[PDB]
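Participant: Here are the chains, one letter per residue:
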Amino acid sequence: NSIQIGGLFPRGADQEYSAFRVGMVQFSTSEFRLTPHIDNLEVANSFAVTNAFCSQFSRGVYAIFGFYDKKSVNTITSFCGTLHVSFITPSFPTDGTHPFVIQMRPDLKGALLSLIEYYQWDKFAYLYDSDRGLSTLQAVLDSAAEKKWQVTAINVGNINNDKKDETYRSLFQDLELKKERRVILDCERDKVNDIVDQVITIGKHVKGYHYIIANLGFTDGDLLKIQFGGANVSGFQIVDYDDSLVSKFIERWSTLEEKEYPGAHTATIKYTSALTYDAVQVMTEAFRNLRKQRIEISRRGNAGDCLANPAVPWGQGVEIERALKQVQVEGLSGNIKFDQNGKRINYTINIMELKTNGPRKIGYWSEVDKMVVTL
Amino acid sequence: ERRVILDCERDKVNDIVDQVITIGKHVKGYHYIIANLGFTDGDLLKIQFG
Amino acid sequence: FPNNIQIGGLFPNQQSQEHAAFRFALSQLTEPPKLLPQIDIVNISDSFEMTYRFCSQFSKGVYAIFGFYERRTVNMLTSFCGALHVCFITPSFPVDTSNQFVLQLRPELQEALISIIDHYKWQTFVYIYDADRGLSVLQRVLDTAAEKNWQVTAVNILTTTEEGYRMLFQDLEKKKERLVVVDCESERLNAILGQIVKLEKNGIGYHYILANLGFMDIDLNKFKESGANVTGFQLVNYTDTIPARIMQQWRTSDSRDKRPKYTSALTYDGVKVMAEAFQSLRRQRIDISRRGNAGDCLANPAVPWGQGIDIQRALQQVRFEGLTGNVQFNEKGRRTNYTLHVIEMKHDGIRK
Ligand SMILES: *[C@@H]1O[C@H](CO)[C@@H](O[C@@H]2O[C@H](CO)[C@@H](O[C@@H]3O[C@H](CO)[C@@H](O)[C@H](O)[C@@H]3O)[C@H](O)[C@H]2NC(C)=O)[C@H](O)[C@H]1NC(C)=O
Ligand SMILES: *[C@@H]1O[C@H](CO)[C@@H](O[C@@H]2O[C@H](CO)[C@@H](O)[C@H](O)[C@H]2NC(C)=O)[C@H](O)[C@H]1NC(C)=O
Ligand SMILES: *[C@@H]1O[C@H](CO)[C@@H](O[C@@H]2O[C@H](CO)[C@@H](O)[C@H](O)[C@H]2NC(C)=O)[C@H](O)[C@H]1NC(C)=O
Ligand SMILES: *[C@@H]1O[C@H](CO)[C@@H](O[C@@H]2O[C@H](CO)[C@@H](O)[C@H](O)[C@H]2NC(C)=O)[C@H](O)[C@H]1NC(C)=O
Ligand SMILES: *[C@@H]1O[C@H](CO)[C@@H](O)[C@H](O)[C@H]1NC(C)=O
Ligand SMILES: *[C@@H]1O[C@H](CO)[C@@H](O)[C@H](O)[C@H]1NC(C)=O
Ligand SMILES: *[C@@H]1O[C@H](CO)[C@@H](O)[C@H](O)[C@H]1NC(C)=O
Numbered sequence: 025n026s027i028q029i030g031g032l033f034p035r036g037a038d039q040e041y042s043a044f045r046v047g048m049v050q051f052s053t054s055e056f057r058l059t060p061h062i063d064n065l066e067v068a069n070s071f072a073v074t075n076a077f078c079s080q081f082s083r084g085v086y087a088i089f090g091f092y093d094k095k096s097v098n099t100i101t102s103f104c105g106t107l108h109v110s111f112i113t114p115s116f117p118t119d120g121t122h123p124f125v126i127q128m129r130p131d132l133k134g135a136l137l138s139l140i141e142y143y144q145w146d147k148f149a150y151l152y153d154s155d156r157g158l159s160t161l162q163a164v165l166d167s168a169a170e171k172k173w174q175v176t177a178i179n180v181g182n183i184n185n186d187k188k189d190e191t192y193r194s195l196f197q198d199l200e201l202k203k204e205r206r207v208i209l210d211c212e213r214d215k216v217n218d219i220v221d222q223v224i225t226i227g228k229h230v231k232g233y234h235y236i237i238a239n240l241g242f243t244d245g246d247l248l249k250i251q252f253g254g255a256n257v258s259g260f261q262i263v264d265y266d267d268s269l270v271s272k273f274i275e276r277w278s279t280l281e282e283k284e285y286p287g288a289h290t291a292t293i294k295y296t297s298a299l300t301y302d303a304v305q306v307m308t309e310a311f312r313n314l315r316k317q318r319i320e321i322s323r324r325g326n327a328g329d330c331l332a333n334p335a336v337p338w339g340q341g342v343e344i345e346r347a348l349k350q351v352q353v354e355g356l357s358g359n360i361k362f363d364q365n366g367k368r369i370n371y372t373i374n375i376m377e378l379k380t381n382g383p384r385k386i387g388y389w390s391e392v393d394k395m396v397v398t399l
Numbered sequence: 204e205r206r207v208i209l210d211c212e213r214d215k216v217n218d219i220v221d222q223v224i225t226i227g228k229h230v231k232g233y234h235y236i237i238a239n240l241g242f243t244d245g246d247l248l249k250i251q252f253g
Numbered sequence: 021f022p023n024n025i026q027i028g029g030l031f032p033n034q035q036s037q038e039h040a041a042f043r044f045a046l047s048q049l050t051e052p053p054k055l056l057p058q059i060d061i062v063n064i065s066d067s068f069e070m071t072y073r074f075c076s077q078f079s080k081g082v083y084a085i086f087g088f089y090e091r092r093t094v095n096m097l098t099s100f101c102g103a104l105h106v107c108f109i110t111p112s113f114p115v116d117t118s119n120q121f122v123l124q125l126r127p128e129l130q131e132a133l134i135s136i137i138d139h140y141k142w143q144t145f146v147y148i149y150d151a152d153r154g155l156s157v158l159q160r161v162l163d164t165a166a167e168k169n170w171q172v173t174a175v176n177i178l179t180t181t182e183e184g185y186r187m188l189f190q191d192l193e194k195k196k197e198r199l200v201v202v203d204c205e206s207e208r209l210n211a212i213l214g215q216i217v218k219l220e221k222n223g224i225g226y227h228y229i230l231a232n233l234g235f236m237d238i239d240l241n242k243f244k245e246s247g248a249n250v251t252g253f254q255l256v257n258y259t260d261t262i263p264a265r266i267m268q269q270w271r272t273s274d275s276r277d284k285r286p287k288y289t290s291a292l293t294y295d296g297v298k299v300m301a302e303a304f305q306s307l308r309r310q311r312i313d314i315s316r317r318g319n320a321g322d323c324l325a326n327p328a329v330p331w332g333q334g335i336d337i338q339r340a341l342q343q344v345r346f347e348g349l350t351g352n353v354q355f356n357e358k359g360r361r362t363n364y365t366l367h368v369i370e371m372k373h374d375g376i377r378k
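Chains as they are written, first to last, in UniProt numbering: chain A, 25 to 399; chain B, 204 to 253; chain C, 21 to 277, 284 to 378.
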């Protein structure tokens, strides 16, 4: 039983679509499947997002997988709320309780603020990118007010690539006057690399320094540069490579034709792709649960247009959203459970350090228990 | 040993400078003398700022 | 040019000072062109409703748009304005990243706030910021805090409760000197003032700053007795000749049918901006024509309107001494070369 599906993918994201296709083949079955209609665009152009969302809505899509950026959150969430159309994302979780939006990415503030307390930090810088909102920045500042921390928050997201070299050096020159030996690099993979490649040049990767990479993908970057400098490097990873499902997936991943699955050959997998794969699993589980439960989901006719006065949402969307939120399965990221709001719960965020041998896990973190330490 | 003389040709000087950096031995304490008649020939932009 | 130059309007409330000022200012329009208000009442926060209204105005063929936007729907709107090459006038909060088709009739206070804080020997202080687009001004401060080495303890009102204020002020008064900045909206400032009047507003070394472009509108009567310092900014001078005449004529007409808020003043000025641009366009004899195609905003691909570019330039070029100040526009599309009035309110004193 084919169920129509929609897909949005940011321009220049090759690995994620490949993981989407791999998840399709893995979870596809004779009795059930998915028919995805794909669109590629610049997710930071709300106009393009609106056009794609409306086109897919006209194409009678029951749910829409996709990504979004800080300049397209509100458009997407409003459209989903008005049209009662679901949305499944591995992108940053909303700073709110927006409905009809399932979020596959776990929050990070809890683990970050626990880790900063497992190290007894009082005076640290906080380099942040102007993306995925400033929710974690605000959390850090608030906990500073409570705990009398000394935070130097600096933005690096408005730096021109052409003149990148001059600014970073002056930034660290400023930080040196305060003896800022501790830093939190709250940025995506690319800018973390572009910064680590300028800590090295100025020799600030040495015994004295400590870096915390506030990202759910720690290995994703290039850490072979700083393994040996002598400086600490801490971070978080949801994809545990010492697991069974993960190892089997890697067996299927490395043995992949990069001519067909770009990014697939490498042994590493980025958390966005992992969450995309788990998202395919989520959709299949929810839709198959609907089929078993006999819930009636079918578009008898045509959804005229996204823009229609008055807006007339089709009333089976609540069923789809409830099914998507009411699914409990294991996957690459770990255990996937949702709330009535869509945010994930009952998840474990493994913590990692950098050692000359390589990254090694030292503990984990769960919302219920605490920061937990094993090694 | 904070002082070193790299008496080698361009290629091996680069292959060594690209391993002083990795281990963070291009810092205030160290001194290097590149015993070669071509000093610019290599890539010194790596260690200008260490 | 045709006198049926239809203009749009996006407003949140049918009856308000801003809407009334916009309606009134058109009466003074004696130019050959006739601008239609074509008001649509739309909820600002909801991006979908707004996209519906904006595409409806596209269907009508509107040449230019005036209205408001909030944090949630700034990006959406901005994006449509840079794609269809359609201009959008606004007195709402200005933004750092924007197209050239969005004319923001509200000068940014971030630069002046930094100067005022710098002048006073401010070593450490508390910052209070509303999430309603205030974040752009936060970063500036946090960026200047590092360069110039003062401490800033930010607290958000949107996600702060009465207990939050209580704890913040209790920890604050443990310090000998108490300095506070309050960036807020027009209406949030009144509620926060009420909150501080209850307690912690005694005036014992308390120095408040109000990052609001209009400081006369706010009812700081409760602050004229407790003996507390407050500094603020003003953009509109009522005494000057042009403001005096405008206020006299407008208030006389309205009564024949109080002091306007800064938002209402900017709303009134925007009418003058649009009228000046269209008058200069008619004078310059520029070929403006609206095709009846009225293509759906969601047209793939959406061809830019050919004339819409020049309109922008015209709207950018205009310049005149308006009510608030001298109106001008930068290349980015933002108020430039303006003046603000620093104003301290003593127990009995309004000192410029
Ligand atoms: C303009 O935008 C939207 C829709 O017009 C409005 O936001 C919506 O406001 C309603 C009522 O406050 C919210 O419903 C309530 O939400 C709270 C959570 O905030 C929940 O606890 C309640 O049970 C109830 O569901 C709704 O969630 C909210 N939607 C969004 C997307 O924010 C807004 O108030 C409108 N403004 C005006 C002036 O009409
Ligand atoms: C880099 O990592 C090492 C190892 O975790 C840190 O060294 C420890 O720090 C404690 C903190 O007081 C000191 O007593 C010892 O030097 C080490 N003890 C233990 C149990 O590891 C080092 O401090 C880290 N660098 C920074 C800048 O935090
Ligand atoms: C690196 O270069 C600097 C500058 O030449 C050296 O610093 C000088 O060394 C002398 C030697 O005793 C000291 O008195 C001062 O620190 C500096 N004086 C002058 C006149 O430059 C530094 O010693 C060099 N590093 C090494 C390892 O030799
Ligand atoms: C910046 O604004 C001031 C307004 O105070 C402009 O000064 C006026 O400029 C016009 C145009 O040259 C003159 O006709 C007025 O006599 C000036 N008045 C005053 C009080 O200076 C100034 O020209 C503007 N700057 C720019 C570059 O446009
Ligand atoms: C929820 O978390 C537990 C650990 O707290 C783990 O066994 C698994 O992820 C989930 N188990 C449940 C929900 O029983
Ligand atoms: C408050 O105002 C007084 C003048 O009334 C002046 O000393 C200074 O501006 C402020 N002094 C404080 C807050 O101690
Ligand atoms: C308003 O302008 C008059 C003169 O035009 C001046 O005397 C007065 O100080 C101004 N008011 C403010 C608040 O700047």
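Just so you know, these hints were derived from the structure itself, not from any lab. Do not take every clue at face value.
[Said to hold, decoys possible] Dumping the calculated EDC-like pairs for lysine to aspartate or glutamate here, alpha-carbon to alpha-carbon at most 16 angstroms: (1) B/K215 / B/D246; (2) A/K203 / C/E167; (3) B/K249 / A/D218; (4) A/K349 / A/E309; (5) A/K249 / B/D221; (6) B/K231 / A/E200; (7) A/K95 / C/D163; (8) A/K95 / A/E66; (9) A/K202 / C/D163; (10) B/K249 / B/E204; (11) C/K358 / C/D116; (12) A/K95 / C/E90; (13) C/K168 / A/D198; (14) A/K172 / A/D146.
[Stated by the list, open to error] Here are some of the chain B residues that sit facing chain A, going by a computed Cβ distance under 7 angstroms: (15) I219; (16) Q222; (17) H229; (18) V230; (19) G232; (20) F252; (21) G253.
[As the list claims (entries may be wrong)] Cβ-Cβ distance ranges computed for the label pairs, FRET-style: (22) C/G184 / A/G157: 19 to 27 angstroms; (23) C/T117 / A/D221: 38 to 46 angstroms; (24) C/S47 / A/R35: 30 to 38 angstroms; (25) A/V392 / C/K378: 52 to 60 angstroms; (26) C/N352 / A/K94: 48 to 56 angstroms; (27) A/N184 / C/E182: 38 to 46 angstroms; (28) C/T117 / A/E190: 29 to 37 angstroms.
Note that the Cβ used here is the ideal one computed from N, Cα and C, for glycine as well.
Participant: Between A/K172 and A/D146, is the straight-line Cα distance small enough, at 16 angstroms or below?
Facilitator: Between A/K172 and A/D146 the Cα gap is close to 8 angstroms, so the pair holds against 16 angstroms.
Participant: For A/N184 and C/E182, compare the CB-CB distance with the range 38 to 46 angstroms and indicate the outcome.
Facilitator: 44 angstroms, holds
Participant: Can you tell me whether the CB distance of C/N352 to A/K94 sits inside 48 to 56 angstroms?
Facilitator: 35 angstroms, violated
Participant: Are the Cα positions of C/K358 and C/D116 separated by 16 angstroms at most?
Facilitator: 10 angstroms, holds
Participant: Holds or violated: A/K95 and C/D163, Cα atoms, limit 16 angstroms.
Facilitator: 23 angstroms, violated
Participant: Would the hint linking B/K215 and B/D246 be met if the CA-CA limit is 16 angstroms?
Facilitator: 12 angstroms, holds
Participant: For the hint on B/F252, just tell me whether its beta-carbon gets within less than 7 angstroms of chain A.
Facilitator: 5 angstroms, holds
Participant: Given the hint that A/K203 pairs with C/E167, test it: the Cα-Cα distance must not exceed 16 angstroms.
Facilitator: Holds: A/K203 and C/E167 sit about 14 angstroms apart, inside 16 angstroms.
Participant: Within a Cα-Cα threshold of 16 angstroms, do A/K202 and C/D163 meet the stated pairing?
Facilitator: With Cα atoms ~15 angstroms apart, A/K202 and C/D163 stay inside 16 angstroms; holds.
Participant: 52 to 60 angstroms was suggested as the range; check whether the CB atoms of A/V392 and C/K378 agree with it.
Facilitator: Given a distance of about 58 angstroms, which is inside 52 to 60 angstroms, the answer is holds.
Participant: Are the Cα atoms of A/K249 and B/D221 separated by 16 angstroms or less?
Facilitator: At roughly 11 angstroms apart (the allowed maximum being 16 angstroms), B/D221 and A/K249 satisfy the hint.
Participant: Would you mind confirming whether the straight-line C-alpha gap from B/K231 to A/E200 stays at or under 16 angstroms?
Facilitator: 14 angstroms, holds
When the structure is compared with the earlier hints, violations turn up for hints 7, 10, 15, 16, 19, 23, 24, 26, 28 and for no others.
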